[PDB]
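Enquirer: The chain contents come next:
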Amino acid sequence: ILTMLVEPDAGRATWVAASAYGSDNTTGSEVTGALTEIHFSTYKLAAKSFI
Amino acid sequence: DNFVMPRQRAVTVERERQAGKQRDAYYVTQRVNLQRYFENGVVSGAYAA
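Protein chains in written order, with the authors' numbering: chain A, 205 to 255; chain H, 409 to 457.
In isolation and in its complexed conformation, chain H is listed as follows:
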């Protein structure tokens, strides 16, 4: 519960026609991030160096 999921916009599809090449470009973008309230709350182990 120390982590949150800030987000501005969801996943959106957007198709465009490029008559100069007759291709049909497709675009999908989204805006997200991972943030925590305080500088603590995670531990990770590791193999021996």
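Isolated chain A, as found in the complex:
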């Protein structure tokens, strides 16, 4: 088995209102994201004959 890594999608920022300029909301929201993985595998093909 071969395991590959897949990167997540994109987030977005926030437009802070003028009122919250001095509070702790000035930095805006937080963008989260986690990785993901996929897998590969194989199958077997065979045939025989006699003389």
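Label pairs and their in silico Cβ distance ranges:
hint : chain 1 : residue 1 : chain 2 : residue 2 : range
1    : A       : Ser223    : H       : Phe446    : 55 to 61 Å
2    : H       : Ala427    : A       : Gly215    : 17 to 23 Å
3    : A       : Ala224    : H       : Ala456    : 53 to 59 Å
4    : H       : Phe446    : A       : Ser227    : 48 to 54 Å
5    : H       : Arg439    : A       : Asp213    : 53 to 59 Å
6    : A       : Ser227    : H       : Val436    : 19 to 25 Å
Heads up, incomplete: computed chain H residues facing chain A, CB under 7 Å, no partners named:
hint : residue
7    : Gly428
8    : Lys429
9    : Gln430
These are computed hints drawn from the structure, not numbers from a lab. Virtual Cβ for every residue (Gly too), placed ideally from N, Cα, C.
Chain A is fixed; fit chain H onto it per the hints.
Expert: The following block gives chain H in isolation, referenced to the frame of chain A:
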């Protein structure tokens, strides 16, 4: 000359950065007091009650 000025530390400024709000807080503190040696040596007048 009956009064003194006990003091531990002078006036000190101290700035701090608060990146969570991008404000730059400023602090100034000092420690002082007013004490007299003996329980006498002051008189104050007053208006009529």
